Amino acid sequence: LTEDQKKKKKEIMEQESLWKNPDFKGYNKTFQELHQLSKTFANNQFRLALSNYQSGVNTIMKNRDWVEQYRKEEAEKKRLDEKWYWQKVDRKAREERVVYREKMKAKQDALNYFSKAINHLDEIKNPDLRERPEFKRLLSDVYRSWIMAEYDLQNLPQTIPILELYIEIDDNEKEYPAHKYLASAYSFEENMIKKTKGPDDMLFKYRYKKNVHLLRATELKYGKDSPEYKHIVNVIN
Amino acid sequence: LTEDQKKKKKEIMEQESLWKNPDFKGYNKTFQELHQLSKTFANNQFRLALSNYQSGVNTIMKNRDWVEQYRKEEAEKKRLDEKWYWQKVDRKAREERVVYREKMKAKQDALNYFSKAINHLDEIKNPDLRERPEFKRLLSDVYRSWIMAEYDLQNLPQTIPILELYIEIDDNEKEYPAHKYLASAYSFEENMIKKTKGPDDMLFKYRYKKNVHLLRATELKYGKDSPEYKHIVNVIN
Amino acid sequence: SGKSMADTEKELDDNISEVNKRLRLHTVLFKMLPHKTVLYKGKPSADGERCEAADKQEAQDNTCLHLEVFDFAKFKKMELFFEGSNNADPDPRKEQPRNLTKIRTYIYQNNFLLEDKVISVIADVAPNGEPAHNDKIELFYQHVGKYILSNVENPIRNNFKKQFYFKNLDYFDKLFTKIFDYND
Amino acid sequence: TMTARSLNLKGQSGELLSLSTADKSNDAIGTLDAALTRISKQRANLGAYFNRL
Amino acid sequence: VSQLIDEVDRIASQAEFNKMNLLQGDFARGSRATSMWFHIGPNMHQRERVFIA
Numbered sequence: 010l011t012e013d014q015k016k017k018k019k020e021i022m023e024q025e026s027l028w029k030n031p032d033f034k035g036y037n038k039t040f041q042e043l044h045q046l047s048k049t050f051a052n053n054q055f056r057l058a059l060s061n062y063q064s065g066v067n068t069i070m071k072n073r074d075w076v077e078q079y080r081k082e083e084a085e086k087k088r089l090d091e092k093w094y095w096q097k098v099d100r101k102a103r104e105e106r107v108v109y110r111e112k113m114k115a116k117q118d119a120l121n122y123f124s125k126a127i128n129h130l131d132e133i134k135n136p137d138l139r140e141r142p143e144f145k146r147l148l149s150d151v152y153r154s155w156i157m158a159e160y161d162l163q164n165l166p167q168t169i170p171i172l173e174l175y176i177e178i179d180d181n182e183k184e185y186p187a188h189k190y191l192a193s194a195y196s197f198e199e200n201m202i203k204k205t206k207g208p209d210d211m212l213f214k215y216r217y218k219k220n221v222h223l224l225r226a227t228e229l230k231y232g233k234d235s236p237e238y239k240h241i242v243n244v245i246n
Numbered sequence: 010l011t012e013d014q015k016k017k018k019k020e021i022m023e024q025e026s027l028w029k030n031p032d033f034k035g036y037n038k039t040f041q042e043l044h045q046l047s048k049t050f051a052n053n054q055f056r057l058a059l060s061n062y063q064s065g066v067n068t069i070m071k072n073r074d075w076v077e078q079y080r081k082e083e084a085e086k087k088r089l090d091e092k093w094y095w096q097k098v099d100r101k102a103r104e105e106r107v108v109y110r111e112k113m114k115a116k117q118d119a120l121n122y123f124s125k126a127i128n129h130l131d132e133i134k135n136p137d138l139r140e141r142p143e144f145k146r147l148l149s150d151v152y153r154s155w156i157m158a159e160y161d162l163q164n165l166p167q168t169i170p171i172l173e174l175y176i177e178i179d180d181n182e183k184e185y186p187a188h189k190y191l192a193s194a195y196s197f198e199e200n201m202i203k204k205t206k207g208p209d210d211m212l213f214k215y216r217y218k219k220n221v222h223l224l225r226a227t228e229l230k231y232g233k234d235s236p237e238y239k240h241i242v243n244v245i246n
Numbered sequence: 027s028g029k030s031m032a033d034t035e036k037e038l039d040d041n042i043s044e045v046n047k048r049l050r051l052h053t054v055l056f057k058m059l060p061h062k063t064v065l066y067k068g069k070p071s072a073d074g075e076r077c078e079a080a081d082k083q084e085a086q087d088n089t090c091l092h093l094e095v096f097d098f099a100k101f102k103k104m105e106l107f108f109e110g111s112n113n114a115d116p117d118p119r120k121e122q123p124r125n126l127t128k129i130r131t132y133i134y135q136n137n138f139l140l141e142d143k144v145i146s147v148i149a150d151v152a153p154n155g156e157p158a159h160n161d162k163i164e165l166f167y168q169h170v171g172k173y174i175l176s177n178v179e180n181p182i183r184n185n186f187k188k189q190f191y192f193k194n195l196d197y198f199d200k201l202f203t204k205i206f207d208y209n210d
Numbered sequence: 024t025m026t027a028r029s030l031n032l033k034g035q036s037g038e039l040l041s042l043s044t045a046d047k048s049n050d051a052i053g054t055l056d057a058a059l060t061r062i063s064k065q066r067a068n069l070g071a072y073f074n075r076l
Numbered sequence: 007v008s009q010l011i012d013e014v015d016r017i018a019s020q021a022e023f024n025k026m027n028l029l030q031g032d033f034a035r036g037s038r039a040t041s042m043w044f045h046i047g048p049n050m051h052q053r054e055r056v057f058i059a
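Residue numbers (my numbering), protein chains in the order written: chain A, 10 to 246; chain B, 10 to 246; chain C, 27 to 210; chain D, 24 to 76; chain E, 7 to 59.
In isolation and in its complexed conformation, chain A is listed as follows:
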């Protein structure tokens, strides 16, 4: 390969890791690096913003532990009225409901915390401070977890304004997962217009934005004028 292709391969893997579903080592790493930055920043409102963000992810992490425990406790119940197919079918469906409803509340609590983290960052008014690498990384990570919390519950239209704010910050636009999620969420919205028989202007708006971020994700991972880039361009043209 070329030096740029080798570099690119390394970077795409780092970006996929960056967007990894949360776990205890990633929680540690993510907060450890966000911890580095707030230290240098030495700004009480940024300190508060991170305190709220971390409380939000803690809600998510505590929920993930709850979901395993709940499924465990259900698995360990002896189910005597479950001898016919439909009976097991029900109890599976109710397990999905209780888990989904609790995950929905955990998401709502996590987003209230993320909203508070953003409201505290909003109080940093000095443009010399808002342009700090410390400011931009935290604001990016708050948006990323917000996007992921909604994404996991299939709330894809809601991820669009946050993905769009995300890619505007400090070269986030060059992240392959960011464009993949934008393209997928736009695709969903296009399909919503087709299923609900909505207006053509919105059909084409969503289709256009899907194709822009589809092609950009392709360019970023495979390179301009790669067999894969050429393919997506030829489909669009």
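Any given hint could be a false lead.
[Unchecked claim] Computed cross-link-like contacts, BS3-like style, restricted to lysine-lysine with a CA-CA straight-line distance of at most 27 Å:
#1 143/C to 120/C
#2 47/C to 239/B
#3 204/B to 25/E
[Said to hold, decoys possible] Now the stretches of chain C that chain B is said to cover, found in silico as 3 or more residues with beta-carbon under 8 Å:
#4 29-40
#5 59-73
#6 177-184
These are computed hints drawn from the structure, not numbers from a lab.
Where is the CB? At the ideal position from N, CA and C, for every residue including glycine.
The hints should help you fit chains B, C, D and E onto chain A, whose structure is shown.
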């Protein structure tokens, strides 16, 4: 073991002994030394402060004797209406309440005496006398017994201002149990915020202060350049 | 009595000495991080009380180590200023100690109170000399005024070394050692 | 008192024309127990106060 | 029969009065040893004990 490790090992054992639950040999040693120090000090308000501290410790010692005698007298009773498991459990729980309530009153009386010992030490205004080891040796003994009296009854939030005053007083700070109790009491307070869904500022304040004194306790007992100090800080970040 | 004070002060003089003897070893880091820790290599500069980070962190002529320690803001800083040049050999596993000319520390957060005042800056101008070097320790007090530790009544002088200065010497010497071990 | 006297849950699971939904049903009813408790007992204070007057 | 068995466990668990659980194993002790003591006369020592599970 090196000259530093031998010193450290020896000191940790002396410190663990210093914070040993009270008994008759420790009582005797403590008050023989305090009375000799009082004779050296030749200060009527210190003498009074010591008289009150000793009365407080006597309350604690008399209570320990009561608890053994009470449990003995209960063990020796014939229980004719104890046919069921739930009857045995109920009666056990009632015993535990009587012991806990009497220990709570003994703690309250002991802390009234410790408060009086402090109020008398407060009356020594001359800065040349307040800086005497005799003065702050007693004040350290009062707060140490005070901390332990509360700790035993799980009154951990109440131990924090006294532990903090303790380590600021006359060279106590390098005592590993003092930092262990601070870390444990802060951990309790962190858990209280997590369980009661309290404010984020207090969660992370308490979590931080747990980690500071956890790390300092680690440094003191397990040593600088131990795998133990290396690990704890890397987790804490 | 004054006997206990005298013995305790002696123990603390030796505690700061033994750690200063370990701190003088961090020369091994010039030819060479734990979390919350940022190390810079540099040279004594300005008025001789502060350490200026190098443009070339790996440079063989660095004679000061500047370590910033963070937690939840900057909480602590230490500057180790060494007497003598480094060994020509580029391998840090072979490098030897250099007596410290000075140790300068700063406390920004986790401020300790000595008789209700904060000593935010401590300047030791004879860290590898006689353990009893209180007259070589400048204390910068906030409620920052300059006091000399040897003119501090004594407990007060004892509380200073056990609550403030030994802490920073041992906290920093360990964080420097972590970096060394991780890269060595 | 105001609606923010209890956990003021709005909307309900499913499709809405709002952007809010209620929380875990188990707590939602439990919250109404809290609402009932908080206000009724506050009336108790006024009741008791009246008796004092 | 299977659900009839499950229904029994649920009745015992959910059979509340004034937020007291009156059938599951919180008798003669739950988190607290307090049980169904009733005060029947106007004075002290005019008491009754009930247990059930």
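Hint-by-hint comparison with the structure:
Taking the CA atoms of residue 143/C and residue 120/C, the gap is near 43 Å; set against the 27 Å cutoff, the hint is violated. For the hint linking residue 47/C to residue 239/B, the alpha-carbon distance of about 21 Å falls within 27 Å, and the restraint holds. Taken as a hint, the residue 204/B and residue 25/E pair is honoured in the structure, with Cα atoms around 22 Å apart against an allowance of 27 Å. Under a criterion of three residues with beta carbons nearer than 8 Å to beta carbons of chain B, the stated coverage of the segment 29-40 of chain C is upheld, 4 such residues being counted.
Remark: the segment 59-73 of chain C is confirmed as covered by chain B, as 3 of its residues place a Cβ nearer than 8 Å to a Cβ of that chain, reaching the required three. Check on the segment 177-184 of chain C: 5 of its residues sit with their Cβ under 8 Å from a Cβ of chain B, so the three-residue criterion for coverage holds.
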